[PDB]
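The chain that follows stands alone, in the form solved without the partner chain, written as structure tokens.
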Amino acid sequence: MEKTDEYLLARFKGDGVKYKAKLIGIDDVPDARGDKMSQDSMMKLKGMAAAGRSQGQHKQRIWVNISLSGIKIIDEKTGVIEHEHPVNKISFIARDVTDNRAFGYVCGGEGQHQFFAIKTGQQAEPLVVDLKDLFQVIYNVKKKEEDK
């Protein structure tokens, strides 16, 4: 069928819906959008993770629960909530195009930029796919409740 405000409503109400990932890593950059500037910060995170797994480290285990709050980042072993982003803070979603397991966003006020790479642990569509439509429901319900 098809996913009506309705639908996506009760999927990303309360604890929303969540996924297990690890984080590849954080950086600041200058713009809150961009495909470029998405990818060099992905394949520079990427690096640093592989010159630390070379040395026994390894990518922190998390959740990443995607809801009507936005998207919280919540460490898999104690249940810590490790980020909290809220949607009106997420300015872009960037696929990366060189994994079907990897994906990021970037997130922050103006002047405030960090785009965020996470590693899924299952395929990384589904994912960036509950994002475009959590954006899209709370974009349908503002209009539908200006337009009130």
The other form holds:
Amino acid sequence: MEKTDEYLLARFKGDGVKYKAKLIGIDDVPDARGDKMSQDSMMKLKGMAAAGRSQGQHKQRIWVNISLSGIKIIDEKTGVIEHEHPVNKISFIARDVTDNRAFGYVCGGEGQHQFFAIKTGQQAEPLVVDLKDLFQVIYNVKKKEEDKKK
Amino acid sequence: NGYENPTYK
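Target state, the form deposited with the partner chain bound; input state, the form solved without the partner chain:
Full complex below, order starting with the chain above.
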């Protein structure tokens, strides 16, 4: 129907939503945004993951957890939280037009950007959408609160 | 395609 702020809040509250996936790789990037920049990284990383696969090396199996806390990359085997990126540290979400089961995002403070390339167990789109809605909700709430303080 | 986070930084 309509994903209202309330629905979205209830969805990303606490543990939020969780997706099965694999970590294609991590790459240092020059800027916070950019389709081309993101594509170049994804391509380089997939190139590397491929070379690894031809030698019996597979991508780390993970859980991409999406919530108000941002993104948590969790190891599927140990349950160890490998990475955690607060919403205010994720600057760009990159769609991978060459793959229906891959996407990436840039995170880090200014001047220290990293591209996390992800291979989704299922389709990537529903995941990219969630992230979009998440950023959207966080945004709406903050905006209201502001108009209230004023 | 790709998109940025309004609340980044």
